[PDB]
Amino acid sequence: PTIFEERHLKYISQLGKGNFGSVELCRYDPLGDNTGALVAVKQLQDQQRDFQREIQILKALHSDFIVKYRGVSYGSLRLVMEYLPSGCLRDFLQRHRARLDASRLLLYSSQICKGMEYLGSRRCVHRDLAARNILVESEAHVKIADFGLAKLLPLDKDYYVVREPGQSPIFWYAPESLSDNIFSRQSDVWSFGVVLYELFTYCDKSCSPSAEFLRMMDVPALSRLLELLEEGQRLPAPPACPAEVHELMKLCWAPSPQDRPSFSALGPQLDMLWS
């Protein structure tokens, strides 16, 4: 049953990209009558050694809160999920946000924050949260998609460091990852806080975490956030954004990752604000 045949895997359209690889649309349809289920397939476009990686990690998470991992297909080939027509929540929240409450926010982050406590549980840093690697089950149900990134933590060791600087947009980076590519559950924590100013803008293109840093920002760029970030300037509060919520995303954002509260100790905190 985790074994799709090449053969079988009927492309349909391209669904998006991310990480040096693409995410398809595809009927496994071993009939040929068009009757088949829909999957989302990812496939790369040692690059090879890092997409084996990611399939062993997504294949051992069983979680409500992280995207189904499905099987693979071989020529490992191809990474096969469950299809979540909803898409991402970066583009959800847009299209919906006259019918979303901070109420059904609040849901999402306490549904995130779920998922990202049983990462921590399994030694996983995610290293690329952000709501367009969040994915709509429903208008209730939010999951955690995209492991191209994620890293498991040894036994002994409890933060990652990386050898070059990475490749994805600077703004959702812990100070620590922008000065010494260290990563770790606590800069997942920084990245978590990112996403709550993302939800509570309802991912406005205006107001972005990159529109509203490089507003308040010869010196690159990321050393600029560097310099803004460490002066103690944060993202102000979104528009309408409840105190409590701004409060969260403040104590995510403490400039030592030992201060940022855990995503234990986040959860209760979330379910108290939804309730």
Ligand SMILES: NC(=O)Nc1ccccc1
The other form holds:
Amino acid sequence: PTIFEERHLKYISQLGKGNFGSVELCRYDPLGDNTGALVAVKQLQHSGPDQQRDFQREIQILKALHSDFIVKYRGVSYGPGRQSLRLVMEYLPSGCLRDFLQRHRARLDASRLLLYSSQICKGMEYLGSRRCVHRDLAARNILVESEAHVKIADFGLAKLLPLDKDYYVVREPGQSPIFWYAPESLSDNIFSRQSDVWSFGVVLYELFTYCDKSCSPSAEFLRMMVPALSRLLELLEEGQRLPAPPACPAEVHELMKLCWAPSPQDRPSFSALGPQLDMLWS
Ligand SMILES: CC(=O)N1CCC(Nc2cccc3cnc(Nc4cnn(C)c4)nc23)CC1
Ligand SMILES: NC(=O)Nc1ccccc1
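Can you switch from the form deposited without 1-phenylurea and show the form deposited with 1-phenylurea bound instead?
Everything in the complex follows now, all chains and molecules, and the chain you saw is the first one.
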């Protein structure tokens, strides 16, 4: 049931790409009559030993995640031997939250944004409970299941923390837009559940700006600003932060600023954030 035959997976279109991977819309069509269910299918864009090790890790992480707020693992398709060729996941036609916010902004009030915030927070609370660091939390990596339901996706950079260590150090620079990284990530490539909280603060910013490009983190940096990464680290060290989005509830902007505490140990846990978002929502 969790094993998909390659010859039954019919290619339809590209859904997205990044971090050496593509996600394709396929039909799983064993009848070959175009009546089969649609699935989102991730594969490496091209072969590579390091990317393959990372891909098998991603499959093993997502397979073991069971949450209303995490994109659903369906199964795998196999290449030669035990080599995973494709990761088969549920298809969410509404696509990424970034796109959904830009298109439907006139329809989505503060209450709805707080509902999405609460759901992402509950997803991240669960990830933390599994000792999983996402490392790439952003509105582009959150999917819309329905009007009132979002799910976290994109576990391509996710890592499991050992039982005796609450952070990990990456050797090579990140390739994600720099405006979502915590200062300790920008400076020393240190990632933790607390660096995911920093990124969640930027996701709250994205939600309450409806991902408007004109007040994007990039746009704000270029107005607020030496290599860009060093300049951003300097601004953050000075205590400069993204401004309150237009018409943003003061309490929501206060929560963003707590997520952006300079020291990771001073940032609120997702467990602490959850009730505060739920309180604002109702
Ligand atoms: C922004 C970007 O390039 N991304 C890569 C592709 C990713 N898409 C999905 C990954 C995993 C499971 C998915 C299930 N459904 C969908 N649906 C969908 C519809 N339109 N789009 C763009 C995505 N995407 C998934 C979103 C982020
Ligand atoms: N977290 C936060 O406020 N980041 C930031 C600051 C200035 C420009 C772009 C991003």
